[PDB]
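Trainee: Starting from the given sequences, assemble the full structure and let the hints guide the process.
As a plain string of letters, each chain reads:
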Amino acid sequence: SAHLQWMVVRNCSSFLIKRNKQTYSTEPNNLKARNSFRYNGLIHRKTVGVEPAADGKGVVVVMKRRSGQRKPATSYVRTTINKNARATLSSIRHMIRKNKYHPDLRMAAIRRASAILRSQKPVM
Amino acid sequence: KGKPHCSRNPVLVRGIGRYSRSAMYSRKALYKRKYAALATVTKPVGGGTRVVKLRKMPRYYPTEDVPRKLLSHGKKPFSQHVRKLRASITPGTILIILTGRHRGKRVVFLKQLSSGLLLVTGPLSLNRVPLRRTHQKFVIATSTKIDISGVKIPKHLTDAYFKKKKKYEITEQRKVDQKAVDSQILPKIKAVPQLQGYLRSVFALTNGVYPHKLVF
Amino acid sequence: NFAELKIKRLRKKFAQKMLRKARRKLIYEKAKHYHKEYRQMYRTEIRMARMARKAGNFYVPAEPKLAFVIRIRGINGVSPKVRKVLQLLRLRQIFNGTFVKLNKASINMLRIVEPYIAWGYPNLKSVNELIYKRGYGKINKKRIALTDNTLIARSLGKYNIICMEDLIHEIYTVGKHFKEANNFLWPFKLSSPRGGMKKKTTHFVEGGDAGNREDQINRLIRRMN
Amino acid sequence: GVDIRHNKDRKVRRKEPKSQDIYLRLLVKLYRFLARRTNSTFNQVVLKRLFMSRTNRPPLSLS
Amino acid sequence: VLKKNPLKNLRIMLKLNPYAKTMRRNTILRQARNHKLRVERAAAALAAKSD
Amino acid sequence: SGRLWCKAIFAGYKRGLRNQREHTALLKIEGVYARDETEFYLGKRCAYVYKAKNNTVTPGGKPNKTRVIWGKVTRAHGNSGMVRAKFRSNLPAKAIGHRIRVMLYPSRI
Amino acid sequence: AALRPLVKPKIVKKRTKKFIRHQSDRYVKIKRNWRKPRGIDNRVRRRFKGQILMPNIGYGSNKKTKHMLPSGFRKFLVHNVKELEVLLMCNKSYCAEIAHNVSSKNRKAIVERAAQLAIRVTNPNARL
RNA sequence: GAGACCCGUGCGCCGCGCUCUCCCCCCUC
RNA sequence: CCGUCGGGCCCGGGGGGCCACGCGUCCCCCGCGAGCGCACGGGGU
RNA sequence: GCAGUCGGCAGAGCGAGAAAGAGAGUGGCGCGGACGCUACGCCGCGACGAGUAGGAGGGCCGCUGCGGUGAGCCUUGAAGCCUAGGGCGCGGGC
Ligand SMILES: [Mg+2]
Ligand SMILES: [Mg+2]
Ligand SMILES: [Mg+2]
Ligand SMILES: [Mg+2]
Ligand SMILES: [Mg+2]
Ligand SMILES: [Mg+2]
Ligand SMILES: [Mg+2]
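Residue numbers (the entry's author numbering), protein chains in the order written: chain d1, 2 to 125; chain n3, 41 to 77, 92 to 100, 105 to 224, 242 to 291; chain o3, 23 to 247; chain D1, 2 to 64; chain l3, 313 to 363; chain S1, 2 to 110; chain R1, 2 to 129.
Everything labelled a hint here was simulated from the structure, so no lab data went into it. Every residue gets a Cβ at the ideal spot worked out from N, C-alpha and C, and that includes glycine. Do not rely on the hints blindly, as some may be mistaken.
As the list claims (entries may be wrong) - Under the rule of at most 16 Å between Cα atoms (straight-line distance), these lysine to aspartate or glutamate pairs were calculated in the EDC-like manner:
| no. | chain 1 | residue 1 | chain 2 | residue 2 |
| --- | --- | --- | --- | --- |
| 1 | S1 | 95 | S1 | 23 |
| 2 | n3 | 288 | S1 | 38 |
| 3 | o3 | 123 | o3 | 85 |
| 4 | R1 | 109 | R1 | 84 |
| 5 | d1 | 22 | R1 | 98 |
| 6 | l3 | 333 | o3 | 51 |
| 7 | n3 | 250 | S1 | 37 |
| 8 | l3 | 315 | o3 | 151 |
| 9 | l3 | 327 | o3 | 170 |
| 10 | l3 | 315 | o3 | 170 |
| 11 | n3 | 210 | n3 | 244 |
| 12 | o3 | 103 | o3 | 136 |
| 13 | o3 | 103 | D1 | 4 |
| 14 | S1 | 87 | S1 | 37 |
| 15 | d1 | 33 | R1 | 86 |
| 16 | o3 | 106 | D1 | 4 |
| 17 | d1 | 122 | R1 | 113 |
| 18 | n3 | 288 | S1 | 23 |
| 19 | l3 | 320 | o3 | 151 |
| 20 | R1 | 9 | n3 | 123 |
| 21 | l3 | 316 | o3 | 170 |
| 22 | d1 | 33 | n3 | 252 |
| 23 | l3 | 316 | o3 | 151 |
| 24 | d1 | 19 | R1 | 84 |
| 25 | o3 | 164 | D1 | 10 |
| 26 | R1 | 83 | d1 | 52 |
| 27 | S1 | 8 | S1 | 38 |
| 28 | o3 | 222 | o3 | 136 |
| 29 | d1 | 19 | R1 | 98 |
| 30 | o3 | 147 | o3 | 237 |
| 31 | o3 | 211 | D1 | 4 |
Claimed, not checked - Label pairs and their in silico Cβ distance ranges:
| no. | chain 1 | residue 1 | chain 2 | residue 2 | range |
| --- | --- | --- | --- | --- | --- |
| 32 | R1 | 49 | n3 | 195 | 44 to 54 Å |
| 33 | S1 | 22 | n3 | 250 | 50 to 60 Å |
| 34 | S1 | 46 | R1 | 45 | 21 to 31 Å |
Unchecked claim - Selected chain l3 positions facing chain n3 (in silico; Cβ < 10 Å):
| no. | residue |
| --- | --- |
| 35 | 341 |
| 36 | 346 |
| 37 | 351 |
| 38 | 353 |
Mentor: The following block contains the structure:
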């Protein structure tokens, strides 16, 4: 299970960075990029990811599906959101809270949507 | 419906009233006083009529946020602090300014302001010190005094008046207020002999003259 | 529903508020009573001297039952009998203070540790300000400051010692549960004494510091506390 | 200066299993929660026995 | 919790000891009473010198 | 127009015989030769004014060579009117024996 | 203009001078890096007054400001553009530092990426 | 604090006692 | 018999402080009032 | 101490001197709510801190080489070396 996979990968993953008295996980759906049990994006049955869209505008959100856990081709469902910032945060908050879909990742995903949207707004 | 009343016991010392619990119960007469038992504005459009929400969502969240602090209780802002004045400072006393560009000069204290700063003028016809604020910890309070009981200080000479604004020129109002206070306080100065020259002089330390020995 | 559950929990809060005010009134009236106890003992001792002085006899006061002991030497060069009695007295630093109830067994221990302690018979005021300023409990083997009455009453409340004033009364009038009320107290960690010392290495009656300074420990307590 | 001996301040009792077995460590993670958040002393004895070495956990025969 | 001195903090003293409010209301009322009796007697002496 | 500070001398650091504590300075104020006379100056502000080579900015002025270590009086030192003072930076030992201005304006009177 | 931390506490350091090895001024063969003196007669080990101070754990920094830069961040070595986005969420307290062997055509890319991500760079104008 | 009949710091624990849900009178602007 | 700012919630009969202030019955004895603030009040604003 | 992040499947309690249940039944508008938790983690209280010979622990201290890994770095400049530059760490060192 997830705790077992965590007890395997907690110190021996390839996404592990241990530099400068810090620890980061370079995993694709790790919100906050933190090596943790909670924020790990591989070991759970239900994961949320947030990253920039394929084109430079928008935020794509990733939800892990329930059935094909051992089937990585159909496992993650990606949804591109190109709205204004308040609507994009409303969409992510409704996807996480109204579905009850892994609900402790709500504002990690909201803050990641905000960070990607700020990074997409250009500097003067 | 009740018009408020003052507290029915006086202050004995700070924190303790004069009368005890049952005495204050009688003085409040509680023995005959037994008792028993926002977000949405609806606005038209041109559609129909919408429920517009105020207090809308934050468009941006910072990546990290500071936690809210614990609560404290005795910590009041500067506009609510208590104002202590030294008991050697009374209206009409002579002060010695110690710090600013008018240092050593002797001035006539009038009134303490609402920020605790000392409104003062040793008159511009004597000192070149205008209506001005000073600070009590930075003035020396000598025990020579003028009775200024009959002196009308204008009500608008406040800390908002004396606050620095933002190339400085005296306004016409500040010109006429110094005259309106000088024309009153100056006949009280000149009715006691040599005090006008005393205020014209400045305070200085010389050889053998020590401040712990000199009484002012 | 929840309208009856809400008033059910508010009834519990109201009942606990009434229990707290009942305990508050109990602490008030019992400290009121202890004030009268101290004044009856003080005026009874004075009156007992006076009726003997009228008759021409002598009234000998009762030998004191409470001593406050202050360790005045260091932890260097202590002979092991003296060191053992000092750790049995819970005085393991210089200028640590403990209350000791006095009997033959305790006085003979203080007699062993005379060059290392200075002691005497504490006043009501000395007991009061020692508990109020340097009073620390020993709760769950930790040194907790006596900031609440419940902080004493959870440990000594089964001996009917429920506030600071029962604690002071139990120490002062050396009561039935003195051992528990004094072992609950951490040994007082007092400052260096303010105004200097006379002579630390000699006895008090030979013009020094050590020994039984009988009622003169209170002057020392004002300077150490 | 305090006259206390510091030879036996540190207790020499096991806080965790020395084994890096992840299955035993997940069992210890379960019974840390149980031995802390229950009133049962059985869970405490189980957790301290999960800590021990193989020699301090000798096998139990059927008979 | 920061330890406050009940010998210097009045309402820490009242939190530990509710009767200290009564004991400090008395021997302030009593002390003012004794001081005005003292000055009434000091005035009576200098008045009796004027007889 | 005239002098507004008391004259004091940096007599040394707070010290025993073989241990000097540089963070506390011993002032000798001119006119103070008893501990009873020290009560005026306790809490007053004291300044070690000195000149160096490069210019530094002067508050309410144009840059010149004078530089100040600010401080204040904390307590008296001994029976003979010597005083303990604490400065923002510890005073340089080149200033021992030299002048410290004792200002008049933490006024209490 | 610059990127600020989330909070800026005053970074109190109990010592600022480095702990010099004993007798490293008298010799070039003795490097300044610290060694505990272990000789029997050694004054520094015996802690005599007026000597070179030995490092203690009491000298250790506050845990709220340990490893904190004087700007108020904590640095993280970055070797490429991909290792910036681990600091995309730690940006208000942890800053980026491009490694010393990253070429001048990739330093430009890491700097222009961190400007988008609002990550502070300790050395933005390094090679150029 | 409201509470499944409502969704409000985003100044509250303990402990002290202030006023109002009663009615009059005196004094000062 | 005398004495005690004695002890009895200062036993009992003919100006000043009290963490005393519903009523009804039986006998003994001579559980949810409401609001408003102020603060020596769970570590600086 | 904390798996209780128990949320329109909601109701946000468990510091409080006194063994135990904020137990359950039945008769008499507006869609909101910081952080956390590498559980080998994080947090809270209290006491303490000398050290030769000696013992033990932790080293995101360091060197070399191997097995995995970093869609790592590198001729738009690696190792090495020098540096009155900027710093971090109690320190080894980086
Ligand atoms: Mg000795
Ligand atoms: Mg002294
Ligand atoms: Mg020690
Ligand atoms: Mg040891
Ligand atoms: Mg041992
Ligand atoms: Mg030797
Ligand atoms: Mg050691």
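Trainee: Would you mind confirming whether the straight-line C-alpha gap from residue 211 (chain o3) to residue 4 (chain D1) stays at or under 16 Å?
Mentor: Given that 16 Å is the threshold and the Cα spacing comes to 14 Å, the pair holds.
Trainee: What's the verdict on residue 83 (chain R1) and residue 52 (chain d1), does the C-alpha distance respect the 16 Å limit or exceed it?
Mentor: holds, 13 Å
Trainee: Please verify whether residue 122 (chain d1) and residue 113 (chain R1) have alpha carbons no more than 16 Å apart.
Mentor: holds, 14 Å
Trainee: Going straight from one Cα to the other, do residue 109 (chain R1) and residue 84 (chain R1) come out at no more than 16 Å?
Mentor: Holds, at roughly 15 Å.
Trainee: Within a Cα-Cα threshold of 16 Å, do residue 316 (chain l3) and residue 151 (chain o3) meet the stated pairing?
Mentor: At roughly 13 Å apart (the allowed maximum being 16 Å), residue 151 (chain o3) and residue 316 (chain l3) satisfy the hint.
Trainee: Tell me if the straight-line CA distance from residue 250 (chain n3) to residue 37 (chain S1) falls inside 16 Å.
Mentor: violated, 48 Å
Trainee: Would the pair residue 33 (chain d1) and residue 252 (chain n3) pass a check requiring their Cα atoms to be no farther apart than 16 Å?
Mentor: violated, 64 Å
Trainee: Taking the closest Cβ pair, is residue 351 (chain l3) under 10 Å from chain n3?
Mentor: Residue 351 (chain l3) check fails; min Cβ-Cβ to chain n3 is 19 Å, beyond 10 Å.
Trainee: So if I understand the rule, the pair passes when the alpha-carbon distance is 16 Å or less; does residue 315 (chain l3) with residue 170 (chain o3) pass?
Mentor: holds, 10 Å
Trainee: Interface hint check: residue 341 (chain l3), Cβ to nearest Cβ on chain n3, cutoff 10 Å. Holds or violated?
Mentor: Holds - the Cβ of residue 341 (chain l3) comes within 10 Å of chain n3, reaching about 7 Å at its closest.
Trainee: Going straight from one Cα to the other, do residue 103 (chain o3) and residue 4 (chain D1) come out at no more than 16 Å?
Mentor: holds, 14 Å
Trainee: Below or equal to 16 Å on CA atoms is what counts here, so check residue 19 (chain d1) against residue 84 (chain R1).
Mentor: holds, 12 Å
Consistency with the previously given hints fails for numbers 7, 11, 14, 18, 22, 34, 36, 37, 38, ordered from lowest to highest.
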